[PDB]
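Down below is the structure, laid out as structure tokens.
Omission of a single protein chain aside, the complex is shown with its protein chains in their original locations.
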Amino acid sequence: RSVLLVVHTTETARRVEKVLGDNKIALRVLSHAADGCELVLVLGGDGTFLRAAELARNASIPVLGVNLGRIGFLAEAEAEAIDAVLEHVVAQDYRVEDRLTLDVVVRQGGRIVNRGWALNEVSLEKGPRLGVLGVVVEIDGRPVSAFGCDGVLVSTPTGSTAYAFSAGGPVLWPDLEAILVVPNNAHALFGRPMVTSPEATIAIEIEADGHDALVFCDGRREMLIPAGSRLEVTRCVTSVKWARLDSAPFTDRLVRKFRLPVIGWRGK
Amino acid sequence: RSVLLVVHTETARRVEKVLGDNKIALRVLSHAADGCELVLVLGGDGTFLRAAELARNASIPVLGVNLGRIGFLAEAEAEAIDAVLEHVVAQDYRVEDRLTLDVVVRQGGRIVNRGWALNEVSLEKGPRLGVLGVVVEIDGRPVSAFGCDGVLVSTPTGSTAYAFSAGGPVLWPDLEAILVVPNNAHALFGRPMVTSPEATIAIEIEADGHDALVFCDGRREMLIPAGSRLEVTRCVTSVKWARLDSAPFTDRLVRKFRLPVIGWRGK
Amino acid sequence: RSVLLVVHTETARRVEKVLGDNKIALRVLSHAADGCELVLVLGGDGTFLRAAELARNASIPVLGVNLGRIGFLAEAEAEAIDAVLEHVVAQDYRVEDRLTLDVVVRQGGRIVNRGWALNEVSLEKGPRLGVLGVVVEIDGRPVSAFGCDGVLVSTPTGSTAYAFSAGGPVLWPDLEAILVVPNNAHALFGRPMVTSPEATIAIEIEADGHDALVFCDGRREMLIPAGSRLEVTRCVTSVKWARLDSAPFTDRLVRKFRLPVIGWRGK
Partner (left out) sequence: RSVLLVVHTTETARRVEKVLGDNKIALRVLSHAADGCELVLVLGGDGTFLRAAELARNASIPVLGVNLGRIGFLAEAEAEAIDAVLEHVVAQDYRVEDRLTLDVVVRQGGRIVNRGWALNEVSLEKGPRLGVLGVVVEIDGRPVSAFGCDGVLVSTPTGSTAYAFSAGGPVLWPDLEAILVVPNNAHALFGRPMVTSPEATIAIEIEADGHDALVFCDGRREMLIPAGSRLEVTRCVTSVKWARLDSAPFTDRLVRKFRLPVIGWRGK
């Protein structure tokens, strides 16, 4: 019964990790394959959740988040319930569910030059602080737009709230399976975001007569993209496991975090 | 074997003749025309929609051929008549169900009205002046309250319609989701939300206000009494679509908006 | 000395009493009420507008005091009544002309109608269905043609109004420009343009279509015959505004939308 605790920097940790021992439940701690475990409890923020998930993916085991600082769409519950959750942690009665996670592939000269993945988003951005990245977006073999820009986002629904949102993207509930593509500061009449199927295949072609570009997956992982190659993203067959439980629905998390006037509502 | 041909109000007499040779009963329109097996149509998306209405009624597939302008609803252009006519007579075309919406109007907890949309449920303000106060709600929880010209509630297919003019995001025809788009809202957060098909969009209309109008697919109108709440969900009864090797959505989009694609490689 | 007090339909009886002591003729409304020197008003921007209508007619300054909600048009709140009343009686407040619009409807080259707006000239589609085909033109040259729910044409002051709901850019009250904002356009390029005050916005309405409506400042309506062209420019006769030490626009904006400003230093 080994669990892999992960905390941001975060003092209610020892509490949990002690209460976990009392139920003869092994425990490791972190801030790097931490295998063998059963679950991956994480206390912190969404940027923390992501890190923790980067571990669970590998080990092929559930993730579970507990918010500390600010609010996070990725958190399952607050710190005012560390015991309740904990209780479920041991009881192992939380429902696990696979979550749409992306699979990124750079391909040059028809050959796979690199490989990555994203449980949240895939951001392609220009290299030089100056100028614009010439690019071509193509969905399912056919190309939609040819424009210069700061980059292009490709995110899961869960990442629509993140940089996608900032970029101009629309909100998408977490339980929906699709793919968001948001041009980033395009210099074109048409530059609206696009939503596709979980099976669609999104590919972006980096201009060949230009500098290089970078790719950031979930803000953490990076990878240089050599001019004239092509970023192809699709639904990874290997999804991130998530521990679920009676939690605040995404609709409330959105109102909280953004402070949306919900006054006047009656209900059904 | 009967085929109901629906048109706006020329390559038609060619569909009707060729169809006859293969001895096929052909009726014409511009009303539950039952019996038939397919519902061919020559026109625009507007025309297509009326047709689909009838097809919806009969419980039989629809199929169209753009005559004038471009439409994201048609399966083939006007120069592939026989080509299609050939599939029409052969009946080798695919029939895939398409997600349709079930619009319900409830007042005092009683279904005051009912409806269905294939493209969009556009809720609008009645008077040419003022603003409509509304409260959007996703699955039992509200997400906003604001005044606006209304609130669109379309289908991945309707996303290129009014929802798109309302400044919504291009969705893809095969995608199965619901797109909610605030119509000229007076708020900070008035951007489009997209949900699962099991999602339940509800739109509560301000009691202390006027009466509203709900337009389904741009034709079927109905009256919304102040203080009544509009409920939209996945209609269990979908509209059958006749599918055949045609330009994929991506091309229609580019062809339609004149999106530049110069410099594309391929792989 | 006369002052026309205009209200929606309480701190009023206080303005009217205090005003009387200083022996000042006070009439009340909710119609050219001439003679007076100033036009005080207690209400919202809506109320303010009607008032400004009258003030416009008389050729005399307007001045308001928000009673209920917040408004970017008022100069003071309801707890600065005397404070204002004091400036009202003292007549030490500034009077600066505000840019106003001159809406002209021309058909066959003949001024079929005429109008003026202080906040916005919102051109709209008549039927609850369909789309209005229009051709926007800046100073004799066109910039677009598309179908849409209409085309707003506001003032820096109107930018926080409907133009803002149409998704336009926040302009500043003291700025002297014209903001054109396409209303739910079905185009790629349907974003707001802003021009000089000498600019001449003209909006040609599709001949082969229905008739449209033009709403000035949200009250004064008029009918636009298909194929007629709407001309909007700087009205030579501006509406006088009573200016007095008040919260600058920047604060109204933040107060109104609840814009966060935490962490600001100062210099």
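Here the chain labels run A, B and C in written order, and each chain numbers its own residues starting at 1.
Throughout what follows, a contact is a pair of C-beta atoms (placed from the backbone, for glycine too) under 8 Å apart; a residue touches a chain by one contact, two chains touch by 3 or more.
**Student:** Among the chains present, which touch the one that was left out?
**Tutor:** Its contacts among the visible chains are A, B, C.
**Student:** Which residue from C:193, C:213 or C:226 sits in contact with the chain not drawn here?
**Tutor:** Reading the full complex, the residue touching the unseen chain is C:193.
**Student:** Looking at the whole complex, which of A:214, A:227 or A:245 touches the chain that is not displayed?
**Tutor:** Touching the chain that is not displayed is residue A:214.
**Student:** Touching the hidden chain in the full complex, which residues of subunit C are there? Just list them.
**Tutor:** 106, 133, 135, 137-146, 156, 167-172, 174-177, 187, 189, 191-196, 199, 202, 204, 206, 229, 231, 248, 250-251, 253-254, 257, 259-265, 267
**Student:** Name every residue on subunit B in touch with the hidden partner chain.
**Tutor:** Residues 188-189, 258 of subunit B touch the chain absent from view.
**Student:** Considering the whole complex, not just the chains shown, which residues of subunit A touch the missing one?
**Tutor:** Considering the whole complex, subunit A reaches the absent chain at 125, 129-132, 148-150, 163, 165-168, 184-187, 189, 214, 216, 219, 258-260.
The criterion applied here is as follows: only the chains that are shown with their structure count from here on.
**Student:** Can you compute the centre-to-centre distance for subunit A and subunit C, using the mean CA position of each chain? Integer Å is fine.
**Tutor:** Taking the average C-alpha coordinate of subunit A and of subunit C, the gap between them is 46 Å.
**Student:** Any idea how many Å lie between the Cα centroids of subunit B and subunit C?
**Tutor:** 38
**Student:** Give the residues of subunit A touching no fewer than two other chains, as numbers and ranges.
**Tutor:** Each of 190 in subunit A touches at least two other chains.
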